[PDB]
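S.K.: Here's the letter readout for the chains.
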Amino acid sequence: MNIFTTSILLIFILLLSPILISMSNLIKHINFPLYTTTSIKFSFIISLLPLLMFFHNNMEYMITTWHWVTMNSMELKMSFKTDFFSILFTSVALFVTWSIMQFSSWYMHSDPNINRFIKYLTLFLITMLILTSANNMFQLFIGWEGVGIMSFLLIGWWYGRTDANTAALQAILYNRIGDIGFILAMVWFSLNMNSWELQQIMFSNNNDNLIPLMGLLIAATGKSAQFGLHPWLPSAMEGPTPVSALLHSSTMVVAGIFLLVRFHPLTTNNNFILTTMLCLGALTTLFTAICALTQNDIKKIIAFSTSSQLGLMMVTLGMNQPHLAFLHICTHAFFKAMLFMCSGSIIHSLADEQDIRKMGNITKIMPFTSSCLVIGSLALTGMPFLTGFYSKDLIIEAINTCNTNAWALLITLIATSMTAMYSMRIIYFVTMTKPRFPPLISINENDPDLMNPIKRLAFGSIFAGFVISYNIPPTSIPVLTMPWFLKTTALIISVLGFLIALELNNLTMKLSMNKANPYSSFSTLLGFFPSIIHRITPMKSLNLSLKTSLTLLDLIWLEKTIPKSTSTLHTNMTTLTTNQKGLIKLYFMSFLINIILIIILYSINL
Amino acid sequence: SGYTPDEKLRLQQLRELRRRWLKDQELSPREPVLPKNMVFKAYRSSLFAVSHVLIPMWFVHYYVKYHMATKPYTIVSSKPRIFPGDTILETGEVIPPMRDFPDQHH
Amino acid sequence: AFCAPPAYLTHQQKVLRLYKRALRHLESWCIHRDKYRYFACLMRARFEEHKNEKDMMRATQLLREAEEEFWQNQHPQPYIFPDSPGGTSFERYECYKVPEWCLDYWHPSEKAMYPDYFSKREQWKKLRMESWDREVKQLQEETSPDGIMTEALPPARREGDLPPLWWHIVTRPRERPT
Amino acid sequence: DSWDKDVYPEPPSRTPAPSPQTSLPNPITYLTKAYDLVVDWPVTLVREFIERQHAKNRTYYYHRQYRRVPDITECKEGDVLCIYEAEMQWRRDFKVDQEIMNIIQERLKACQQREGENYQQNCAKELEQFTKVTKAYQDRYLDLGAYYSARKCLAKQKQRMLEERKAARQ
Amino acid sequence: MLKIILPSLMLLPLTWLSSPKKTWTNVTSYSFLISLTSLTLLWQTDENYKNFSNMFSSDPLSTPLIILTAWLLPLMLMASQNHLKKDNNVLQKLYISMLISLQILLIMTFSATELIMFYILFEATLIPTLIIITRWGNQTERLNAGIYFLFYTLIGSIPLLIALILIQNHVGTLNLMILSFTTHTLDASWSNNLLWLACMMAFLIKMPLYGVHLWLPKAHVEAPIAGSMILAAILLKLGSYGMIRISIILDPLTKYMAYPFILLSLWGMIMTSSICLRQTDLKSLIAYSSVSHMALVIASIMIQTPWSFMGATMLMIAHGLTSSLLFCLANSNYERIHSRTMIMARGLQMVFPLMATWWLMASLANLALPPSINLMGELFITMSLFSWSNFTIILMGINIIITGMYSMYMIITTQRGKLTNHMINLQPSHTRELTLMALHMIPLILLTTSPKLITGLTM
Ligand SMILES: CCCCCCCCCCCCCCCCCC(=O)OC[C@H](COP(=O)([O-])OCC[N+](C)(C)C)OC(=O)CCCCCCCCCCCCCCCCC
Ligand SMILES: CCCCCCCCCCCCCCCCCC(=O)OC[C@H](COP(=O)(O)OCCN)OC(=O)CCCCCCCCCCCCCCCCC
Ligand SMILES: CCCCCCCCCCCCCCCCCC(=O)OC[C@H](COP(=O)(O)OCCN)OC(=O)CCCCCCCCCCCCCCCCC
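Residue numbers (the entry's author numbering), protein chains in the order written: chain L, 1 to 606; chain i, 1 to 35, 57 to 127; chain n, 1 to 178; chain p, 2 to 171; chain M, 1 to 459.
Note that these hints are calculated values from the structure, not bench results. A portion of the hints provided could be inaccurate.
As the list claims (entries may be wrong) - Cut-off 30 Å, straight-line C-alpha distance, at most; resulting in silico cross-link-like pairs (DSS-like, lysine-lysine): (1) n/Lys-111 <-> L/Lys-510; (2) L/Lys-515 <-> n/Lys-14; (3) M/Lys-452 <-> p/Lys-96; (4) i/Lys-86 <-> M/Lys-418; (5) i/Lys-92 <-> p/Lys-77; (6) i/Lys-92 <-> p/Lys-57; (7) L/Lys-358 <-> n/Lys-20; (8) L/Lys-119 <-> n/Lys-97; (9) L/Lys-515 <-> n/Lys-120; (10) M/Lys-255 <-> p/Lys-96; (11) p/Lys-57 <-> L/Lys-41; (12) p/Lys-96 <-> M/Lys-50; (13) M/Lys-50 <-> n/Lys-120; (14) M/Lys-255 <-> p/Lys-136; (15) M/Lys-93 <-> p/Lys-6; (16) M/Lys-418 <-> n/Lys-111; (17) i/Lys-57 <-> L/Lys-77; (18) p/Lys-159 <-> i/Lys-92; (19) p/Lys-34 <-> i/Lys-86; (20) M/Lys-418 <-> n/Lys-125.
Said to hold, decoys possible - Covered stretches of chain L, going by a simulated chain n footprint (3 or more residues, C-beta under 8 Å): (21) 422–436; (22) 451–464; (23) 504–518; (24) 560–567.
Ideal placement from N, C-alpha and C gives every residue a C-beta, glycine not left out.
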């Protein structure tokens, strides 16, 4: 009971140490990226210890380190709920972030602010672990907003780029709408259960939770970039590739899914919330796969892939399978970390060149990166007994064999087939065909700082799903008695998607121009959602602001009403009263009028 | 059409001055004027593990045992899984096993 | 970038710009090099077959129709070079493009870190100080009393002289400062 | 442990004895033994040194107790002296009731975390205690406003008792 | 309280008797010592209130305002001692005397136990800020700004004086504790409605309420840096403190009389946040942000919930600190480039990295980043407003979204982006102004660490 808490708080202390070293004025004498990478790997080992403990005895922990404040009947205390979810996500996030730190040390070379980059990544990791391990909703909010702000900074890393600043701002905007949902849920729970503590939420499981669950759904939509609040993630690909990987591929974007997993005991008793989560997740995974079908930037392709997988997790939460959603969080974190790392190595080898139309022959010119990219693509599509088998195929079996919406099921299967399709698109246009890059070959992937984190993520993407799923305590009883076409559905549609995409790519190889179609235009232009919404809503909002509020109210009508009208009235009155002619004849006639009026007033008053 | 002689001569002179400026951007070999390795396993990981890990582990363990366990509901854990046939360490009793399992088909 | 745009684009310049943009979008559609070379030779054949037009009113009409066809058949996501505007690496190092006048505000310790560079900087400053009066006189002489004025600038026309307004061109930050 | 099980109840732990079927060594047992020998021994040594230093310099402090001043019900209106004394006593009791509610809520949270999967059945008495003390707190302190006072609490209690008496007529 | 009032009084002979080469140093050091002395009011180990004398008392609400005033005096001196270097010695000492008199009168106003003395010190604080704005302001419009400020406040405060004299005639003493104990319930007639409006409209003017907020943006724009700091960090909070003090004797008709002002506050915070979105002046943007935050404070005080009162106190302290910090950063840029245009200076992150860090931290405080006391106050105000009516969450959410939008827009357009390389007159940084930013940010961190100090009367 002491070693467990000591390990958790030692994770947090080891994460906080490079921040103090950064502000302690000895960075100029040490190797700060290497020191931080060693800090992350030691944090990962010290987090492996409670992973083993929970795999042994399934101890479920709640740790109240520090008492912050007491406000009448609400006792705000810094508490950590060390769950299955907290422990496993902490270990996976630390392993991924170790790979990310080493890859950042390789990739952000010849960068004057590499120490600031590493410090920002460390701050994001600290806030992400706060968000993951938080026991109360206020501390959950602290981690949530810290993660959002560090995302803003890391997207706007190259702050001289206007598009980067715009992407960071719109990520802040969509996340703030999610924050509005989060605040609605938090306020409802404070008013009706007198705490933000998860234990009193568990005691709130037995009544109508429609308003807080709707607020949590809005928060999850904003954070996980579901439909309606999606485009900030592919916009957020504007940051550097390690930022893209760690933030928007493995750790930050699964926070809304983690929030709904956290509040799944409330969610199981509300059928409307489950149905709308299922519909929303199916819609966003179909839409994002369709958008990913015709993209050209490789980072955009894998970002829309990330959004499609988040939609799949939202579908899994729409069914009463939160643990499958968390397992898919872990497996997808491994896949997207290694995929983004391989894509970043491709980009750095091709000199900051990012779209697939000027790539090719990668299988022969970059064999290690091509091998790991193929491994990641196969494990994302769900090749058998890789890390994607133990989450994605169970999700497909559950959605086939449980009572759900028919159209959501159909578009989920179509989205899985299209996931295979865009993975084949990546494989074809990058690793296959003839070279299309500029002639000067500057490919050099022989750095151990590049090879070793990709190797660790490859070992993860091969064996981690197997190890995790065989160490998971049995929960959420899967069904296994199904017909053959409901059992091999995911494998069949993945193979069909690969074959269809291969045939389409060979048709593109065929020497003939075809007329463009509205389906391909809709897919390439992201469903017209960014253009239409990001042009009509900022225009209406800012035009309403300037043309109504500032001008019409403050600079025109409030001034016309109170101060200028008062000054005008008193100026008119003082002119009317000081318009005297200076004639004592008129003055004495006025005095006579005054005398008569006084006599009349006395005579009527009596 | 191509360059005018005006713009061509201006670009030539500006580019020559740019060459001179970029050449002057170089650094002299004295620039800038600034005013126990063993092996990685035996030394480099050793002092780091004993400094940044072991001493913080000491402080964290001290705080956990003598300032958190001394408080009532600070560290609360769920009850352990008790299966039939287990012996309770604290109480000393053995709970009875289950029934006869009539199905032995698989 | 290094040349100022004129008052208007002539017809030949508009046609050449259309040709280059059409080839770029054709390569964005074709992707593969052999397919691109085939269809680019076809596009060149179209431009060659409409090249010898003498009416020039029909030539402007053909340019308008070709532009309409291009806007109908353009790629929604054309290929952009990374350093080109709209690209991924465009304006990436503007955060590092520090202007040269912060060395004026540098502390004497930081100047003492780099003696030779600051000596050469002082030489450049003295050259700028003399050349400014020389070039202001030259620009006053070169300005037309009235008429048409463009953004082109004269060169140095005498020995021992520098082109006018050369400072912000010569001492601009590098494209890869680090 | 400065706390007592009378006000922070805790069921006795029932841990099962280890029954290792496998022949593999337990890395958890190895790491706990190493962790004890490396960390727990020096920490308990320095804590024993600190405790013996405190025993060398031992001091005591007491818990202040207030006598019961007369209640506001026997205070004449406009007599600000006894009204002030009763108002201060009421604010003191209000703060004590806030901390009582904090104690009950902390006890309920501890019950929920201890039971885990069986909290819907094994925390029945904790939830009943929480519900009863919440109902009493709402009857005595709810809807008073930001300027809550003994006079407002007395007026609310009088209104509630009048409603109860009128309901008891029929 | 006299042990704080007397040496603050003795600061004036120190100012007028110090050498011209030692005046700033001596007054800054002894005002820091004054603040350290004022920290002894936090020694509250009992539920009672520290009634020091028959005319001075301390409160869990009055104490943070007094400490904030005593802390803001040396920060005002440090902020204002740069634009007075090309200034006459007697004028510099007069400016320091104006700041010291403001601090003295504000401390006495917050520590007052009698509402007529509160009103006298209210107007006494009205005088020297008008003098500062009119005399040491920069543009032509400082005279119109001073007139607007002075007469908005005066037309507000005259019916307050009439109402205070009426309540004194009805009750007998106009002492705060006596009123709090022998409060009588009003019978809700038209005379009592007018009495309510008379005793609330002065504080609503100085808060400022929406529609009558027009004095604030021009006053803050035309004021010097110390005047903007003292205005946005103390005087609006003085209006809120007056509302909290006077609202205890207005039961029960505040329950229905609060309705127009809550609507005005919510829709006005939305409108002013929109103005911040479309505003071309940085000090105007900060002023309208202050209007929105004080509208939140107005709504909390009107709904009269203990959560609302605590959130109001926390937002008062937090907004005072962060608004003074934002004004000081904007004044640093104004002393650099001699302009207040929002879009003129853009790439300042490149040249001023540590100042950009201060800008980022100030804006994160402004948009209520957790776990700061800004978010504490805003969150508890939101909780109380949702308890009052569940549909207020829409207005709260819109306000939060636009708040984050204008804060991050300010950061991007002032720090991020390409550098305006024509601004050759960018001096690196002053240790004085970096110290000023640090002395603003650190108390925010400490109050975030211990938020029990600024909870206020209710908890
Ligand atoms: C900043 C806003 C300024 C304008 C609004 C000010 C408040 C508006 C509502 C209150 C009325 C005006 C102030 C009255 C102060 C005294 C209140 C009081 O004691 O009430 C109880 C008293 C009643 O006395 P009583 O309470 O003893 O009643 C006796 C009742 N019985 C017999 C049953 C026991 O109300 C009045 O006497 C009010 C008379 C007001 C007449 C003069 C009004 C002049 C115009 C006012 C606004 C002028 C400035 C703005 C001009 C335009 C600018 C654009
Ligand atoms: C089956 C069911 C289906 C249900 C579907 C439901 C759909 C719901 C949709 C809810 C969200 C709608 C509003 C989203 C607004 C997003 C605006 C945005 O971020 O625009 C970004 C844009 C620039 O970005 P862009 O042009 O895309 O890319 C740059 C490339 N050069 O522009 C900018 O960056 C401009 C800068 C910001 C300007 C100020 C914006 C203020 C907005 C205030 C909004 C207040 C009301 C919010 C209401 C939310 C309700 C949910
Ligand atoms: C939503 C809430 C709604 C309810 C509340 C409404 C009221 C809110 C508070 C009132 C605010 C009023 C503000 C008054 C000051 C603004 C006017 C002003 O500044 O006018 C300036 C002008 C002189 O300008 P000047 O300087 O000469 O020229 C410019 C350059 N040379 O000045 C002039 O020309 C004349 C100025 C006259 C003096 C104005 C201030 C005193 C007003 C006295 C009011 C008396 C009320 C009773 C009247 C009799 C009964 C009806």
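S.K.: All the hints need checking, so say for each whether the structure fits it.
M.R.: The hints, checked one at a time:
A C-alpha spacing of about 63 Å is found between n/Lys-111 and L/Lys-510, which places the hinted pair above 30 Å, so the restraint is violated. For the proposed pair L/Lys-515 and n/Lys-14, the alpha carbon gap of about 25 Å is at most 30 Å, so the pair holds. For the suggested pair M/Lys-452 and p/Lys-96, the alpha carbons sit about 14 Å apart, so the restraint of at most 30 Å is met. For the proposed pair i/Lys-86 and M/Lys-418, the alpha carbon gap of about 54 Å is over 30 Å, so the pair is violated.
In summary, the hint linking i/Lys-92 to p/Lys-77 is not supported, as the alpha carbons are separated by about 45 Å, beyond the 30 Å threshold. Our distance criterion of 30 Å between C-alpha atoms is met by i/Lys-92 and p/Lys-57, whose separation comes to about 24 Å. Proximity of L/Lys-358 to n/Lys-20 is assessed by CA-CA distance (about 18 Å); at most 30 Å being required, the pair is judged to hold. A distance of roughly 23 Å separates the Cα atoms of L/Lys-119 and n/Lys-97; the hinted pair therefore holds under the 30 Å criterion.
Annotation: proposed proximity of L/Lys-515 to n/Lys-120 is violated, straight-line Cα distance about 61 Å (limit 30 Å). Proximity of M/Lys-255 to p/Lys-96 is assessed by CA-CA distance (about 26 Å); at most 30 Å being required, the pair is judged to hold. Proposed proximity of p/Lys-57 and L/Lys-41 is contradicted: the alpha carbons are some 44 Å apart, above 30 Å. For the given pair, p/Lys-96 sits about 18 Å from M/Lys-50 by alpha-carbon distance, which is consistent with the 30 Å threshold.
Under the criterion of a C-alpha separation no larger than 30 Å, the hint pairing M/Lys-50 with n/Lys-120 is inconsistent with the structure, at around 70 Å. The straight-line distance between the Cα atoms of M/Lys-255 and p/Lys-136 is roughly 25 Å, inside the 30 Å bound, and the hint therefore holds. Taking the CA atoms of M/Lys-93 and p/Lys-6, the gap is near 66 Å; set against the 30 Å cutoff, the hint is violated. Note on M/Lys-418 and n/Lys-111: the hinted pairing holds, with a Cα-Cα distance of about 26 Å set against a maximum of 30 Å.
With a C-alpha separation of about 46 Å, the suggested pair i/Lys-57 and L/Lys-77 falls outside the 30 Å cut-off, and the hint is violated. Straight-line distance between C-alpha atoms of p/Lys-159 and i/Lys-92 comes to about 41 Å, which puts the hinted pair past the 30 Å bound. Taking the CA atoms of p/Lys-34 and i/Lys-86, the gap is about 17 Å. The hint holds against a cut of 30 Å. As the CA atoms of M/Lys-418 and n/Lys-125 are separated by approximately 25 Å, the hinted pair is consistent with the 30 Å bound.
Evaluation of the coverage hint for the stretch 422–436 of chain L: fulfilled, as 4 residues show C-beta separations to chain n shorter than 8 Å, against a requirement of three. Under the rule that three or more residues need a Cβ within less than 8 Å of chain n, the assignment of the stretch 451–464 of chain L is violated, with 0 such residues. Proximity of the stretch 504–518 of chain L to chain n, defined as three or more residues with a beta carbon under 8 Å from a beta carbon of that chain, is established by the 6 residues found. Counting residues of the stretch 560–567 of chain L whose C-beta lies closer than 8 Å to any C-beta of chain n gives 0; at least three are required, and the coverage claim is violated.
In the structure shown, a violation is registered for the earlier hints numbered 1, 4, 5, 9, 11, 13, 15, 17, 18, 22, 24, in ascending order.
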